[PDB]
Each structure stands twice: as C-alpha cells, then as structure tokens.
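Q: Single-letter residue listing:
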Amino acid sequence: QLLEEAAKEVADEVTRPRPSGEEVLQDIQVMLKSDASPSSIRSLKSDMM
Amino acid sequence: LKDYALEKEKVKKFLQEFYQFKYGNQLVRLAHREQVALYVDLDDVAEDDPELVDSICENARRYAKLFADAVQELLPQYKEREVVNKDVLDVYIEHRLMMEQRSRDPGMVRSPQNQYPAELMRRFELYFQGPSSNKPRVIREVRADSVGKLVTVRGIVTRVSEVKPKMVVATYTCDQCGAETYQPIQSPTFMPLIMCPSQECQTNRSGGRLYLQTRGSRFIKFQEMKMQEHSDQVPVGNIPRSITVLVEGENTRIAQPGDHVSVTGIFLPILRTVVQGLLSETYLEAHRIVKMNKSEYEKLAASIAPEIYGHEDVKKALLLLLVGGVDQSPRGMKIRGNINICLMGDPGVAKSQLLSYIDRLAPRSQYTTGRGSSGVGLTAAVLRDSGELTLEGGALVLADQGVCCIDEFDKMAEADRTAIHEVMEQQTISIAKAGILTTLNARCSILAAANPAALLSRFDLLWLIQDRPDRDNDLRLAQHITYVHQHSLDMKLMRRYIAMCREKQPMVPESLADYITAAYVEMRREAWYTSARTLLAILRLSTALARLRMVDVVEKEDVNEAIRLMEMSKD
Amino acid sequence: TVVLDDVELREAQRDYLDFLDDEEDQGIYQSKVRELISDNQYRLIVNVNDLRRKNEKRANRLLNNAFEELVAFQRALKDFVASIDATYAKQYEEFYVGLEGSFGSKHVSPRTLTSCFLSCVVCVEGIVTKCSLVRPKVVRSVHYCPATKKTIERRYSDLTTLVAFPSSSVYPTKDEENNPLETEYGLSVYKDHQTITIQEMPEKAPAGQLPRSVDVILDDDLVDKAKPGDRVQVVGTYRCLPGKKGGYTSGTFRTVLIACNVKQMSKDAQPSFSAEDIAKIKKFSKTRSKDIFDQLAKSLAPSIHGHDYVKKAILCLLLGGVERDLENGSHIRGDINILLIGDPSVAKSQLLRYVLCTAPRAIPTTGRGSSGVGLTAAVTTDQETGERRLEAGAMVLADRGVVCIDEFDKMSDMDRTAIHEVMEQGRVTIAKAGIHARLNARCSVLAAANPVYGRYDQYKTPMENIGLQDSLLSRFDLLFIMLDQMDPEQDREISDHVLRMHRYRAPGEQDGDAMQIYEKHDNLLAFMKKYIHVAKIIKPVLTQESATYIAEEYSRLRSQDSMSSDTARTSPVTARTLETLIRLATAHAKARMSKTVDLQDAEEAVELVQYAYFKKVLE
DNA sequence: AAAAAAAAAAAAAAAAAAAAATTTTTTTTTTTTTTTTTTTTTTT
DNA sequence: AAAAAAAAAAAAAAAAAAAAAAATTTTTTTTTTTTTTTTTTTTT
Ligand SMILES: Nc1ncnc2c1ncn2[C@@H]1O[C@H](COP(=O)(O)OP(=O)(O)O)[C@@H](O)[C@H]1O
Ligand SMILES: Nc1ncnc2c1ncn2[C@@H]1O[C@H](COP(=O)(O)OP(=O)(O)O)[C@@H](O)[C@H]1O
Ligand SMILES: [Mg+2]
Ligand SMILES: [Zn+2]
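Protein chains in written order, with the numbering used here: chain A, 1 to 49; chain B, 50 to 620; chain C, 621 to 1239.
Bear in mind the hints are in silico, worked out from the structure with no lab data behind them.
The C-beta atom is built at its ideal place from N, Cα and C for all residues, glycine as well.
Be a bit skeptical, because a hint or two may be false.
[Said to hold, decoys possible] Calculated pairs, DMTMM-like style, for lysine to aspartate or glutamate (alpha carbon to alpha carbon, straight line, at most 20 Å):
1) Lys57/B - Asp626/C
2) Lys677/C - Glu22/A
3) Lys918/C - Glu1139/C
4) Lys1140/C - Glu947/C
5) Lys51/B - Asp914/C
6) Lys1159/C - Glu947/C
7) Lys51/B - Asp626/C
8) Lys51/B - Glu631/C
[Claimed, not checked] Have a look at the derived ranges for each label pair, beta carbon to beta carbon:
9) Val622/C - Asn74/B: 22 to 28 Å
10) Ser787/C - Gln305/B: 21 to 27 Å
11) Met1034/C - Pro38/A: 31 to 37 Å
12) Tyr805/C - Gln29/A: 51 to 57 Å
13) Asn684/C - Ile269/B: 30 to 36 Å
14) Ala706/C - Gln29/A: 50 to 56 Å
[To be verified] Which chain A residues stay away from chain B? Per the calculated CB distances, all over 12 Å, these:
15) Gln1
16) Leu2
17) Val30
18) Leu32
19) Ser34
20) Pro38
21) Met49
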C-alpha cells in the first residue's frame, strides 16, 4: 500500500498540469513480477504464509 | 438569497475604491500592522450601495466574515516593507507561512481541511458601526426576531469582568510526527483533542497523542460585560431589563462600571444546555463601543443648572471643584486635589436638584441617597462570576475618580458615615470584613447634602442655607420658576471647557507666601473653628481658581475670591 | 432538510430546459414532446450526440454521473411538458428520459462492464437470458380505518439503488389507537417490476470462454420490451446494491444495470421513411406498375447472374401472399415456400444468405445444427416453481418472418415431419402434462436441398433424384430445379459477371487494403427494403377474371395431357398447388400495389408454376 | 448594647437521567449428482 | 422396416456458501429540592 500511494504521488506530479475533469488523482495499482524460479504449489506450508 | 462570491467581489472593489483613499489608508496601515482593528461604517457603505447595506443589517455575521476575509486577501499587495515582527505571535505567523512556502509544491493540491485558517492567521480584526438609519432599539425589545440582525443599543453598565484570554484557535503538537493541528474554537467550551490527523500520522499508524499548549495558540482580549435599560427607556412599572454583551479585540477596556455606553453589535445565540425544542441563550456581540451622554466664568457658573436661582457663590464653588484643585503627591505623603462640599439646608432649596445636575454633569458621577446604597452599596463586595469570587465595587469605587453626590448625609447609616469620613480623609477604603480583606482606592470628591461638628471639622466647605423669607428675593425666584414651568451654556460645551481646564497644573508662586500666611493668621484671630484643614482649603481653592483662569500661576485675585466664598459660606 | 438552492442542480436544469427548448432550431425535441403527449407515452429519447454537440461538458458530466443529472433532466422535462400542456404534465407524477446515440467509450459488453463505469450510463448489447414475472411494486399505499372513518396515504421512495431504512419501508396496519387498517389496493399506486439478464452474444463472445451476463431491473414503461433469446441493446445506469441490514459486511456489492432504455438490437424493424421517400415509392408504383414486378425481380439479388425465375419466386415469398382467417377460424396460409434443389455451386446458399441479410427477421437453420425441439418450440419445467414454461423455437421466433434452411435434405425424418404444421397452418401445438399451447409461427421457408448422388443426373427422373417424400413436396408450394448446364456460352456469361463482382470495390472508400429509387448505374454493376416493406400490407383481392383463369389453368395442370411424354413431374399437383397459384398471384399484385389481382398476375403465376414444376427429363 | 431577622453559603438526599452494548443460528441459493424416461441411432 | 442398444434430456434430491435473522437490563451520575450554619445588617 505504501508503494501504491508512492506511485500515486509520483504519478500526479509527473502528469501535474492536468485538464478539466481528470484532476481527482485516480488510484494507481502496482502489480509485480520477478525473475526467480517459481516454487511449486505443494511447497506452500504454513511458514510461507 | 444571493451568491456570496459575488458579494465578496462587491465588497472587495468597494474597499479598494471609496473616498484621499479613505479605506485605502486604513488598509495599508493594517497591512504594515500599524493598526490591529478595523471598522466598517454602514453610512459609508450606503454612500453608494443600499441593497448591500440592508442585507448587512439583516444577516450581519456572514458579511462580517466576508469583509474580514476580503481585507485579508487585500493585505499583501498593500504590504510594502518588512514589518519588525513586534510579537512572538508575529514570529509564529511568519514562521508558519515561511514553512508553507518551503514545502509549498504549488501545483500539488491539498485537502479542503489542510490549511492555516483565516481566524488563526488574520492577526487583525474587523468590526462595524451600524448606520444612523438604524435606530438604537430598547434592550427589552431586542427579541428573538432580532437574532442575527445588526442592532445598536444604549444602556448603562452594571459590572464588567476583566480581560482574560479567550481561546480562538487552539494549537496542538504531536508526540511522533511534529505537525501542528488546530481546533478553531467558537463556543463557551471545547473538548480537547488527543489524536493528530496529520497525514504523516495517517501514514505511520502511530498514536497521535498530541498535547495542547498555549505557545502556538491564538488567544484574544475577551470581556463579558453587562448592560441595563435606561430608566427613561423602562416601561411604566417593570424593573429594567439587563443584557449580556461580549467584547473582543480593540473593543476591550472601553466601558467601565457605571458609565453609559452605546454598543453596536449582533444578537447571536449560544446553546442553552427543560421543555423540548432547542433553546438558546442570547448574547450581543459588540462591534462598536462609544460611551455617550455622560462620558464622551460668571456666565459659566450661572450655566450650572440655570433652572436654580440664587446661590451664586455655591455655583461658583461647584464649578471650582468640577475643575478640581491641583493633585499633589509631594515627598510621598499625598495632598489630594479634591474639594469636598456639604450643603446643610432648610427643607427644600433645590439642593437635591443641584446634586442631580452635578451627577448628570461630571464625567464620573454617582448620586446616592440615604439607604438605597448602604453597606455594600457604597463599599465594595464579593460576587460569583469563569466562576470566581469577583470582588466588585459599589457607589464610591464606581466613582473612583469622579463625584459622589451624597444626599441626606445627616440620616445615613453610621457605617456609611464612617466610610465617607475615610474616603474624604485618605481616598482609600480599608476593609477586613467577613470575606473581604482589601484596601480599595477611591479618589472621589464628595457633595453632601443635609438638613440641620464632625462635618465642620472634616471638609473644605460647609454651606448653611437658611431661606430667611425676603419678599423681593422670593418674588424674583417665584417669577423665575413660574417662567420655567411656563416656557419649559450647552452641557457638552461646559463639560468640554472643564475637561480641558483639568490639565494645566499650576504651581504656587513665592509672592503669595506672605499673603497666604497673613490671611491665615488673620482668619484665625477672626475665629478667636478653623485649623490646618482650613489652610489647605484656602490653598486648594486658590490653585483651582488659577486653573479656572487657565494661567499656570496663582494670583491675589484667586485668594481674594477664595476668602470671599468661604466668608459667604460661614456667614 | 429541504435544500434552498444548489448551483449544480440549478445550472443543469437550466441547460436541459434550453436543450428541450426547440423552436429557434428545427423543432425536433418540441415535436418529440408533442407527439409523445399525443401518444400518452411518457419517456422522451434524447440523443447523446445532440447533447454533446450542444454542450460537450454536460454530456461528459451526465455520462459520468447519471442519477441526479437525470433527476435534473426529468424535472426540466416535467416543467417543459407542463408549459406545452400543464394538464397532461399534472397527469403523471414523473416523466422519464431515454437515451440514444454514439456512446463511444461508454459502449462495452457484459464481459467488459468493469468496475470503472459505476453510476455512469453504460451502453451494452447482448442477448436476454431470463424474463422474470412482471409483478407490481407498491409506491403510494392508501389505507382506511373503519373504526375512526380515517384514511391515510403512506408514501414510498424508489430507493432501489440508495440506502433504504425500515422507517421508509413500513407498511401501516394499525392506527395510533391500535385499530385495524384495511388497505385500499385500488386507491394505492403501483409500478410494474421485472428482472432480466443480458448476456454477451455467442457470435460476439470469445470462442472458448464461459458466458458473462448482467442483471437488468426494468421498472414500469419497460415491462415486456425484452423476452429471452432476443437481441437487445440496453443503455442505463450500472450501480451498486445495498446489502440488507446486519452488523457485518464483506466487501461484496452485487451490482445491476438499472436500464434507462432497451431497444431491439436486431435493427431489422426498420420502416424509417420520409415523405419524399413515400412519394418516390408512389411514383415508382404508379408510373410503370405493369413492368414493376420484373423491375424488382431483375433488381433483387445483384451479384448473381440469371436465375430470373427464382428471383421472381423469392420476390413472391418476401412480398408474401395474404393470410386468410375465415369466419370460423379456418386459417388458410398466405406464405410461399421454396425448395431450391440443384447441383453444387449454383449460389443456392448465396440466395439464402441474401435473404438473411435483407429480409427483416430472417434466421438460418442448418440440417443437423438445428433439430426438432430446437426448430419448433419446446415445453420445460421451471425448477424454481415446478411449473411448465414454454421455450419458443426457431420457427416461433421467425413468426411473420423468414427461415433459411441450409441443407434441407439432411434433416432426418423426425424433424422433416415435425415441420408439417408450421409448413401448412403456421402453428406448433405443443403440450406436456402440465401446460399446453398452440404457439403461432406464421413463418416462410426458403430451403436449399441438394440432390441425391451429390449432383443431378439429367436422365434420371426428379422424383428418383430427390431424396424427399411426395408427402412433404406437397406441403412445399414451389420446387425450383437449378442445373449446371456446363455449356461454354452461358459459362462466359456467368464468368464475366462473377469476375466483374470480384473486381467491384468500395467506391473510393478503399485504396488497396482489405477489411434514391434507382441506383447510380455503375458500369461494373435500401429502396428494395422500403418498397417491399410497404408492399407487404396491401390485400389485393382476386378479380372474377383472374379467379376463373387461375381455376381453369389449375384444372389443365391437374390433367395429365398438360404434360407431354418425356417430361417428369417434380411435385404432384395437389390442391396446395392451386392455393400456390392464388398466393403467387397476390404476391405479384402486391408488388404492383394493385389493390386487385388481375389476369396479368394470374398468367404470371401460371407461368411461374409451369416453369417450376414440370421438368424435361432427357433421353 | 442585645436581640433577632435576613442573607449567603454549604451539604444531604431522592428523583430522574445517562450510558453501555456481538454472537450464534437459520435459510435461501447455487451447484452438482443420480434416476428414470424419452429420444435418437445403429443393427439385422 | 422395425427392434435393440445407447445417449441425451428432464426432473427430483442432496451438500455447501454466504447473506439474513434474532435476542436484548442494570448500574452510575448529577440536578434539584430541602435543610442547616455562620455571618452581617437592621431593629428594639
Ligand atoms: N430656582 C429654582 N429652579 C428650579 N427649581 C427650583 C428652584 N427653586 C426651587 N426649586 C424646587 O425646589 C424643589 C426641592 O428641591 P430639592 O432638590 O428637594 O431640595 P432639598 O432636597 O435640598 O430639600 C425642587 O423640586 C425644585 O423644583
Ligand atoms: N448463378 C451464379 N451466378 C454467379 N455466381 C455463382 C452462381 N452460382 C454459383 N456461383 C459461384 O459459385 C460459388 C458457390 O457457392 P455456394 O452457393 O456457397 O455453394 P452452392 O452453390 O453449392 O450452394 C459462389 O461463391 C459463387 O461465386
Ligand atoms: Mg435633600
Ligand atoms: Zn501527529
């Protein structure tokens, strides 16, 4: 959530002088990804919760 | 209804443009902070626009908000230099706006409730003074229908609290973040805050735990004064109605107990909290205070109550006291410049009327008859107020500097007699009574009246009036008073001359030392009750006569007239 | 808590009062108000492109936040229709505002009705799935206390979308003195209520994916405008619903689409005319009424060569005959039905696709695509009430319409016999133990069978060469035989036509990338729909001369001598053939806009059957 | 000069008012599964 | 062409999810009425 609103702040300042209507700073989802090997669905014990 | 953005534009253009730039000079002075209060005049606004004036009369509070914010925004372009920051409050506001500029980010938008408010950051105040068209209405008649309406009232004061700091905008600081939140107060009470809505706190999920303090706050000069109907305003048989008035900013410390006032304000409500509804108290929020109608040689003395005839030397001595002998504090011991007169008389010579005229005349005056003001009425006592044992004053301490016109001194209570002896001798009133341990300060001058020894021995003049029936005297007086009934200087001009006369401060010359000592010893031989008190009497009367002449040096004419007056009184 | 004034609402109502004010303009919306007042309909349909051009900002505002904006619109509408007629405006407690136009970004499909479009008037095409019972909902309920001779009117606010409180939902039953209150149902006021379910079209939807659907709450004015299976475009307010009271909530907010209007997405009920077009049709009829059938027949189905008799016959179908329902309900049908039987690559399926694209309410049925219960109607239980509902089939959908039967030969005998009563009487009498009904499907059938052996053998008789019973070929009223003569001369004809149509392009619109009464006579080579649509309604009665001539020609056809030896009949001449003669005569007269079927149309009909039926088998 | 009436202030007690407060269970709905009938399709 | 076998359809019954439904007084505060005590002011 910190990353999400951080993205929101940087988003508004970069697009800052916006036109009419599109001024209420819309929410900025931050999805993810990686390059490490995925782990198997059988390896989700309690400890990786 | 209307649009208040349009109204604000109207008043902004008005304040910029109306007249020497009448309002412009005031605006620049307050911009530099050479004045802290401002006063709109509805006569000056009816000079051009009457609809706005009628609307102000009907919903004055809103337009007060409009005018004050309009001037607040007009401020900085009128500002031209760096003000010296005369107050720690100035330091705070400058620091606040400095850090707002520092972390401004001007494109960045901020919430509708994240901003330093006007009521905090104004540092000036704006009041009004209602139009001459607005008749001052009776304090009884200012009913619920006149709540919110702009209204002027004329009333006597009864008692006035002191200047204690009312809160305007409380300031709270946090335990973790460091921002500073505001609670703008409006009402008699506020529940403190304990949590900080600063966005750093909302991000951290920390305990607010903010602590109120007085440093960053905004207090104000606040008084609650009382007022009372005019006895002429009162209806046929009801007692005079009271009213509570609230005094703010540069309206504070104008009215004082006993002085007539005209207060211009709005009649706004407070929450009452046993019948249902939503009840509410009523206080009048003062917006202009003007004392009025009491506290704004030969022909002069004859002007003192023209409706009385004869007693010309009495009137001259009355004029003399009204000018007042020179106040002296040489070598610590006080020689007060008060003049004390008693009028012992046969039953009915208009001595009470003379006392009443002096009461109407003097800038401070208290006309007390025998028993209407006894004990605490003359002395000072204790009363519940911020509830507290407020010690307030009676007649003499109300007349602390003025003239107590005491009527029928002969039949006063013996405690009243003792107190009056104390105040004539030392201009204090010591008390060590049940719940009072004080020494009041009462620099009053006494005008006693009575009907036929301590009186003779403690005074500056006693006058025995015996209306020995003389046909021509009574004929002329009868013609005079009958003419008075037949036909039914101005007081303001008389009082103006007296007021200027009070402040010339003569100093006695050496040439009159031989004369005054010779006259003193000769008067003593002519007596042989006279003593050092009578010496001080002639000397004070000489100083006061020099004041009446307005010259700074006393002469032989003055002492001659003084001896003339005292000879007339004794005989 | 009555509001003294709001700048937003006042501004919006002023803007839309101006928008409705149409006198300085052409008077379009004023005319709409006047006609709807005359109709007693109480919804006015405002084009969003009109709103956008007159004030783009208001269009943006409304398409972003509907309900209060449309409250402003509808209050303006009430004021406006009161100025036109206060008496009528007083009649209805509310009037409504439908929408139309180019909802550019606001046109999605129920797969793509995301959570971005809440309180925004969304446009969405799709197929209905359900049709809940249209049941009343109480709005203003009146009560009578007989103990105290009292009357009350409890009032209800349509909070179908906002928060709703029990104090608002109380239905009173006792007075303050605990007396009994009797409801006054008639004096109360109600509005219909129906739920339906739009679905992403399977022709539009992704191929391999489950359906996605959206719920639609049609209150009054939109009761029966959408049945299951229909194509419908719904424009209206996607919103959220309130969960009923309870101290807990999951975040779930089951959402709906309170439709602002719904229109038939088929876009085939299209009689859109102008007075100039009416005059155009009138002159087209009257000037050359006698040649007009051949004009239409040659015109119809361009992009194909010859088959002029078949074009005439498909005109006879589309224009239709005239259904007859006599005094006692003996219903004699008035539809043509054509069986194309012919060699492959004879554009039979192309004619079928032509009538699919042109004729209104045309629908395709394949051999083993559709089958019986699919073709005709069905009876199935509800399982929510244990009650037998009826599921209208392909033919019942095509009632007063066209069905194009691809590969009619391949329908098994069960379905080929199931089509019997729809073929003759245009009804399907279905029944199971609970419910029975006679669904009405006054359909017309253009069916493209293919011959036995995969291609017609010239020497074999048509009855041998068609794998279809004389039983059915009776019910079919025309059977047209389409042979591929394979001669080079007619091959030159067809080939030049075909390659010209391969060379024809969108005129000017294209550059090289791939995807009026008369026509501008393009050398390489709408009003058809207009004229045939108006043509369908006329009932040209048969003249005495036409009836006697058609009767005698039928008697001649029945007599064996009329066919020479070496010819073989293609369909036996039952009395269905006489009725065919009458129906084709009526269709020709309807083409002429005659108002009477004359000997010209009669001899055209007899020419039609004589070419169609008797075939010259060669040795 | 002594007695007493009144005043303000302080305290006790009874009537009214103020305030505090989630959890468990039931029922509709959806979704599959299974039986048996009906229908359709392949065989001699 | 009709009989046998198989597949699909229709309808009833069951299992879990998740949204609805139901139950539900007692202790503390505090204002107001009443009485009481010490004092000052006034009267005999
Ligand atoms: N020259 C005069 N001018 C006005 N009023 C007079 C004059 N002479 C006598 N009187 C009357 O005498 C009356 C008694 O006066 P008052 O003030 O009662 O004297 P005291 O109270 O000393 O007996 C007043 O009502 C006043 O009207
Ligand atoms: N009468 C015709 N005129 C022009 N082109 C034809 C004609 N008959 C067939 N064709 C061509 O042959 C093709 C046959 O397609 P189609 O009609 O789908 O198969 P079938 O004719 O076997 O039903 C068409 O695409 C068309 O271009
Ligand atoms: Mg007197
Ligand atoms: Zn903080």
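Q: All the hints need checking, so say for each whether the structure fits it.
A: A quick look at each hint next to the structure:
1. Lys57/B - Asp626/C: holds, 19 Å
2. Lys677/C - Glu22/A: holds, 13 Å
3. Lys918/C - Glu1139/C: Holds. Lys918/C to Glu1139/C sits at ~13 Å (cutoff 20 Å).
4. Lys1140/C - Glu947/C: violated, 49 Å
5. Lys51/B - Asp914/C: violated, 75 Å
6. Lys1159/C - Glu947/C: The hint holds at about 17 Å.
7. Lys51/B - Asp626/C: holds, 12 Å
8. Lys51/B - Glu631/C: Given pair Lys51/B, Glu631/C holds - Cα atoms ~15 Å apart, limit 20 Å.
9. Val622/C - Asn74/B: 22 to 28 Å: violated, 47 Å
10. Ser787/C - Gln305/B: 21 to 27 Å: Because 57 Å falls outside the window, the suggested range is violated.
11. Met1034/C - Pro38/A: 31 to 37 Å: Violated, at about 55 Å.
12. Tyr805/C - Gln29/A: 51 to 57 Å: The hint (51 to 57 Å, Cβ to Cβ) holds, given that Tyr805/C and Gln29/A are roughly 53 Å apart.
13. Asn684/C - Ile269/B: 30 to 36 Å: Hint violated: Cβ distance 46 Å, outside 30 to 36 Å.
14. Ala706/C - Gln29/A: 50 to 56 Å: 53 Å Cβ-Cβ, so the 50 to 56 Å window holds.
15. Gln1: Contrary to the label, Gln1/A does not stay out of reach of chain B, its closest Cβ about 10 Å off (not over 12 Å).
16. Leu2: Contrary to the label, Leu2/A does not stay out of reach of chain B, its closest Cβ about 8 Å off (not over 12 Å).
17. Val30: holds, 16 Å
18. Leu32: Given that every Cβ of chain B is farther than 12 Å from that of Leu32/A, nearest at about 21 Å, it holds.
19. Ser34: It holds; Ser34/A is separated from chain B by about 27 Å at its closest Cβ, greater than 12 Å.
20. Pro38: The claim stands: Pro38/A keeps its Cβ more than 12 Å from every Cβ of chain B (closest is about 33 Å).
21. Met49: holds, 22 Å
Of the numbered hints given earlier, the model fails hints 4, 5, 9, 10, 11, 13, 15 and 16; all others are met.
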